[PDB]
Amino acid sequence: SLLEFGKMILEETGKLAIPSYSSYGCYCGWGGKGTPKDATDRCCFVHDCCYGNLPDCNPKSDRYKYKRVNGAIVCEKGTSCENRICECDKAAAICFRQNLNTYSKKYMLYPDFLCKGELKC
């Protein structure tokens, strides 16, 4: 679910999902169009595509379970949708962690008109 994803983000990065990743660049938090602004935005682009691989799942609300094995996120077995949603969220959280070194506040609340053109998943 979106709240679990937010918690995973905070755990991974130490940033609050809202406002750090809810309106960032072209693809974080609301998605749509455009060339992703930077690596963090590409994490969200890929996450959006990941959700898009699951048209009959409901990632905003469906809850999954995961644990930590040392640092590492391990998705625990639920329904097929929950397993796949968890793997999408795990990847995005890891991606955000891997790109914290570039994260730029200038891309928070990024205006929609600066995001044009379709980029295929």
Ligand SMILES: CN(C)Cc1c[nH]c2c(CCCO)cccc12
Given for the second form:
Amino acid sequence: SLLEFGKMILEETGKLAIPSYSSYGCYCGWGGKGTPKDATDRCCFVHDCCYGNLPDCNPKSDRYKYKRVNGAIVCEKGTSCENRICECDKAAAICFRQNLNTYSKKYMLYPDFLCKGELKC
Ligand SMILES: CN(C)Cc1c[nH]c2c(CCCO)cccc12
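Please give the corresponding structure for the form deposited with this ligand bound, as opposed to the form solved without this ligand shown earlier.
Every component of the complex follows; first up is the chain already shown.
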């Protein structure tokens, strides 16, 4: 669910999902069009694609369970939708973690008209 993914992002990064990632660039949160601005945005693009692979699942509301096994996120057994949503969100959090070194506040609240360039999943 949206709230769980926000917790997973805070644990990984130390940044609150809202407002650090909720409006970042051309793909994070509401959005998803044009050429991703940077590596963090590419994380959101992949995440957006990952959700798109699951048209009959509801990632905002569906709650999954996960644990930590060496500080590592480990998705636990639930429904097939919940399992698949978890793996999507786990990849995004890790991706954000991996790219904190290039995170830029200038891409926060990025303008929609500046998101141009087709990019398929
Ligand atoms: C409670 N709810 C309002 C939280 C929320 C809104 N947008 C979010 C994003 C967007 C980052 C990925 O697209 C990530 C994690 C949580 C949120």
